[PDB]
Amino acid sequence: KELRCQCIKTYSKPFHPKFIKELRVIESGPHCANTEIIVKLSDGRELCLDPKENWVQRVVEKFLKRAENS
């Protein structure tokens, strides 16, 4: 399934990676001029995050490292 940009907005306040349970990273391409990072929170809500922000990069990496260790 091929979708246009899935994010309407990004969430701008830093938060702890403990609240992320799933990550999707969709590189830019014909479908969407921007890379999108979509996180699923503990309770199933989803947020998009700005891939360019340092805090976002850090939170994604911390989630990935935790998830890789189960």
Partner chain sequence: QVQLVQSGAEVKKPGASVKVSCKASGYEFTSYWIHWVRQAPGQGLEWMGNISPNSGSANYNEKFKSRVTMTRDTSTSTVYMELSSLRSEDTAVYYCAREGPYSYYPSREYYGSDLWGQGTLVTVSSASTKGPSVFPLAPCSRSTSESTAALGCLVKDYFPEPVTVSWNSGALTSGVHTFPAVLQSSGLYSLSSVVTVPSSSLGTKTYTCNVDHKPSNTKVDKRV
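Residue numbers count along the first chain shown, from 1. Only residues modelled in both forms are compared. Take the two forms, find the largest set of C-alpha atoms that superpose within 1.5 Å, and that set is the rigid core. What changes on going to the form deposited with the partner chain bound:
After superposing on the rigid core, the one stretch of 3 or more consecutive residues whose C-alphas move by 2 Å or more between these two forms is 60-64.
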Second form
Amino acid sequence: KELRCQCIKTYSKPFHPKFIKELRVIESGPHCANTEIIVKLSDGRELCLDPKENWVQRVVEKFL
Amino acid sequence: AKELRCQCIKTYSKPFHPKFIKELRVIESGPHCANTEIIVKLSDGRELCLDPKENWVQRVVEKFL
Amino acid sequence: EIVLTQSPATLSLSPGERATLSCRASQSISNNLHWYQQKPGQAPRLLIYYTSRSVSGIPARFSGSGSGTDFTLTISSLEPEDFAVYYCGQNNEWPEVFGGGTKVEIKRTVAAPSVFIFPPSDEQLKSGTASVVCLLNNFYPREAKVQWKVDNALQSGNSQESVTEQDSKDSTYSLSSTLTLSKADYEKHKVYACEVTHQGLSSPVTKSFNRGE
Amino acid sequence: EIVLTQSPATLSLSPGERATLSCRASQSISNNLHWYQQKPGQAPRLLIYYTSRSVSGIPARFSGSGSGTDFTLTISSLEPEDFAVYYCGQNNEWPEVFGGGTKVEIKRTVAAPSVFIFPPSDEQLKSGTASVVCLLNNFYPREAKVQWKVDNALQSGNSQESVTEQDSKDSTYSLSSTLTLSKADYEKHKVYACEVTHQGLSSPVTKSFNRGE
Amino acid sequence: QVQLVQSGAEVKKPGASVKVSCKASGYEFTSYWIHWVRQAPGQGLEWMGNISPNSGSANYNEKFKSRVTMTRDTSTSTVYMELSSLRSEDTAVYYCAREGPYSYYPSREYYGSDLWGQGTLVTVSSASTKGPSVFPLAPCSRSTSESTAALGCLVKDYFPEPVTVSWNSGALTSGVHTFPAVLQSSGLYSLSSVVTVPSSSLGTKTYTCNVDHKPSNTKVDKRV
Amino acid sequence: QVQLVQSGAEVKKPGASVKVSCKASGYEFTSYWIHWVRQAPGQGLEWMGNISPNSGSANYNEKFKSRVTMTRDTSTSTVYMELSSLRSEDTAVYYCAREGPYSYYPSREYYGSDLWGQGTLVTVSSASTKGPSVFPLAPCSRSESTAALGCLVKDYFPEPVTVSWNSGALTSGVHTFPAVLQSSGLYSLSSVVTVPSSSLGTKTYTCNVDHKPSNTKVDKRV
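And the form deposited with the partner chain bound, for comparison with the form deposited without the partner chain?
Every chain and every other molecule in the complex is listed next, the one we just looked at coming first.
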């Protein structure tokens, strides 16, 4: 359960969606005023992505 | 946080409004699960398995922003 | 909401003694409980973070521990600069919540106050208001009851108290209580009294004057 | 890889006694540890799931407990139907991993075996091979040493043992040891002996025959 | 009748393939995972993998992933396991087992495998079907001071398992010990069956062992 | 020099708005959350909300969401808090505080607020600048070994007032009390001194009162 915002900063360098093993979209709620995006990489590292960036919007729109 | 096995044997089949989805989680197939899985968190806090092969589910993901 | 309950409200200890401060969370906050020190006229200062983790620049005498919803700050041996207010603060969830604070004060022997009453001044009386001041001088402990009696009638809601910080030299407190009454109301009565109840006083002490005398 | 270590490999207990079986996980498996019973020639059977949870149709004498990576299955009082092999199995992660199993065997009084030797048959001897069989009948405990001596020469690597399951009526074991030699090798010697060492035997017991009798 | 019914025993040559079935009955097929667990003779339990009966999406143990396939047929509520490039080490009883019930609500608290099939013996061997040779087991001298005597039958060189043994067409059961088979360096099985009888009854009473090896259609009665 | 520097004290009328700033220096601005915590006189700490310095996306305490706005200016490493529809109850020292460092790798183990600004006093009052009136505090009868005298510094605005005795020569036995906010919206304080009874008549006692906002300088012998 999301108790506060997870992402203070976001990874800005675009990359190919093939390296994303898990995509997590968290809608704004009582504990965070903004939509947040967390992707999990092959290594298991969790990365914050900017939902306001077009390249991120495209990875979500074509993720299936 | 780490996926150790498949979490979804069955999926919720009744389409519902995406407005009830507070969290969307897409899990790609890996060493511990052979298929893509979709888990959604509802307003009440309940987690639900959705079928990635169903068109209505594909649309909620494609139009989630 | 998360409610953090600190106990006790005041810790009265001598320098060199061990201070044990408790914080109870209404619900689980994982280990995201932090400890702050605040001195008069200053901003709070972080001592311990994530229940037990050490903060750069903070003396080793400060340590934190936590079992479920129960948290503890320990000061192994109190130094003179350690006498301050301490707050616990959670940030496991937003809104961040702080406890009500625990004051760590210097323990000393009981000292009865020296009570004095001051009638209003003629120069003030000319302006249409009357202030009657009662002073409690150099007492310990802090707990003191001041009762204003205007012709044996107990007053309430018409007075304001003010307390000093614990004296650096004798560790006592001093208090001023001011009764505000219009010139009209003030001139309608005779005996103005200030009754003081304090641990140092075997029986309450009354200080009074008669208007005009 | 998750490795589940069960101890001991064998528990020898009397009916009515308490059986405590241990399972140690190499890493945390949360509480997703389950216990199975397996009898000879049958499929495993679930007893306890999720460390301590009860399974429909399983007697109340079975209970499970777990502290971190340490798990325990307790059979409060052993009944005849409880003497079997027990496996712990985790499914917190895939691949599912099972422990090596703990055999729960009936402890009874010491019973010396009845020993018998059987020479090869002429019909077998015609085929170019000779099998000499030694039989240990109705003994307890299971541990028995069988030495084949061909003209006082200790044999090794040319015999195979076979043990029955613990008898349902007297709780003993029976064992057969077979010495395989070619007709050529067999005809080159006289005294064929089988020496048996067992707790029930004050001194070893030898059974022999001479080839040609 | 809640059941998991497996296909019969299989005998395969190295390099060959085997396909074992598991038919589910009397429950909601799609609510339970179907696991395959094998048990090599005298050994423990080893997870092959599983399959979701709903999707047909199978999960494999990395150890067998290159040669194992799991499929399902929702029409007949049947699950299959195909194991290829067979080696001697694959000789085991293969069990199917169910784990559930689960729904569309994910969880981190699991059930154990509450129902198991009867198992399927898969024998992987270069050896070819062979009936046994039966030899008597009698003392050297029928001369005995002792009250009890022993006789038996040695059932040698058969392939595959099993062999059934009775004494006096089933009339004699008391004092009988039929030992488990042993696998010889030759690739063939061998066992003994013995009986403890009174010494006085020798000469008067007859002792015949009845040996049946159904895979080669061998039936043998041997008086000892 | 790692710092959080806040704008100066503010005096606002009820219904008005206040905007307080917090300038960050000597560290990576984007790695730390900036929280706003207020402290009403003699009270505890209350979280108002925060803001990410990267997104400029603010999180508020439900209690103030209708009246509070938090913004940031990455160019000047400054965070702002605007509080509207001010009422007497908003009179508090408002602090900004940093929590971090964090990056684009999320965590559930948090740091405390390790650096705090000096605070900004916001006073919500109907009153306008007013110099104090100074009255003596003397017993009714000038007749015990110890006696007390003092000065009552009444009806001023805004704070502070400085008080010394005998131009700083007298410090022993002096108690200058913290100011009290009267129902009138004006401040008032007392400063007292205990002295020996014998020294009355011989020794002189004068309070020196300064109130720089209204340029009031008063010396009163009591």
